[PDB]
Structure formats: C-alpha cells, structure tokens
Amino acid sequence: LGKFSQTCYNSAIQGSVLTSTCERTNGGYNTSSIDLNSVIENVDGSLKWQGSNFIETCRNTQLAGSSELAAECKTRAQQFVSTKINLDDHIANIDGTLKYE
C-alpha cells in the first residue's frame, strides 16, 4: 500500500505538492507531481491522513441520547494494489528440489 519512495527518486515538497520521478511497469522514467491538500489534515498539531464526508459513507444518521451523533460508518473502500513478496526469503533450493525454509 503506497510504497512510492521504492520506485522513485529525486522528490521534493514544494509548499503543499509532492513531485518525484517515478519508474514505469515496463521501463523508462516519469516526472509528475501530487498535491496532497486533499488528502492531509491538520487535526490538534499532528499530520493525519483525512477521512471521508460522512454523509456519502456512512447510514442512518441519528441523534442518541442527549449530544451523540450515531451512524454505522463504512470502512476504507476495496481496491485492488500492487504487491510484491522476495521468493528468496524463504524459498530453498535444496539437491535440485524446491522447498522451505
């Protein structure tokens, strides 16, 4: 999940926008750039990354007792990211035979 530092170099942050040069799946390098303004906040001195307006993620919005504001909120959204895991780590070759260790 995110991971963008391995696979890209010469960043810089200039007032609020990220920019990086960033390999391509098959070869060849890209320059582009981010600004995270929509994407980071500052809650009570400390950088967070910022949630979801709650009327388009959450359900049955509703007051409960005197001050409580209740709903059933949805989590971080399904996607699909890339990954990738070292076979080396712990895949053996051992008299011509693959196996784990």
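Positions refer to the first chain, counted from 1. Under this definition, the rigid core comprises the largest set of C-alpha atoms superposing within 1.5 Å between the forms. Compared with the form deposited in another entry:
Superposition of the core reveals a Cα shift of 2 Å or more for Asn93 between the two forms.
Mind pulling up the form deposited in another entry next to the form deposited in one PDB entry we just looked at?
Partners and other molecules have been left off, which leaves just the chain.
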C-alpha cells in the first residue's frame, strides 16, 4: 500500500478516468487506470467522495419529528495501528534457504 502522490508518476485524466504509473510492492512499475466517475460526485458545486447507499450502511431508519429521516449510519474512517509479528515463529533456515514451516 502506497500513497498515490508519493509512489506514482506520469498521471493523466481523460474524462473521468485516471491513469498513472505506480511503484510495484516488490520493485518496478505498472501503469493502470481507475474510473473516478463512480467514487467522486458533485455535491452543491464541490467535488466530494461519493457516499454509500443508506439501506446498505444505515440501520433503524425512522421518521424524526414531523419531517426528518433518522438513522444510525456507519462511518468509513481510516485508522492505522502500529503492529509487529515475529517471523521466527514460522520462517526457517533450511540449508541456506528461507522457508515457511
């Protein structure tokens, strides 16, 4: 996983389609495309990240007061935690060669 702006170059937009040449995990580069048309929208003059259908991501829909739709809706925040795993658990030296066991 890498940040678009930091690990890709020669980016281009044609219509709603984004193309860029990005670093591969284990070296070298790949050029690929993504259609932004379904993930970005125009809300009141502003580009924003398209949300989700409320029937998929909100529960307990109800009327509130005389005119409000109320619900409990899932967030989509991106949280990272620092983590480690000891490769000595399963990674061995078999006659000079790393192997999983």
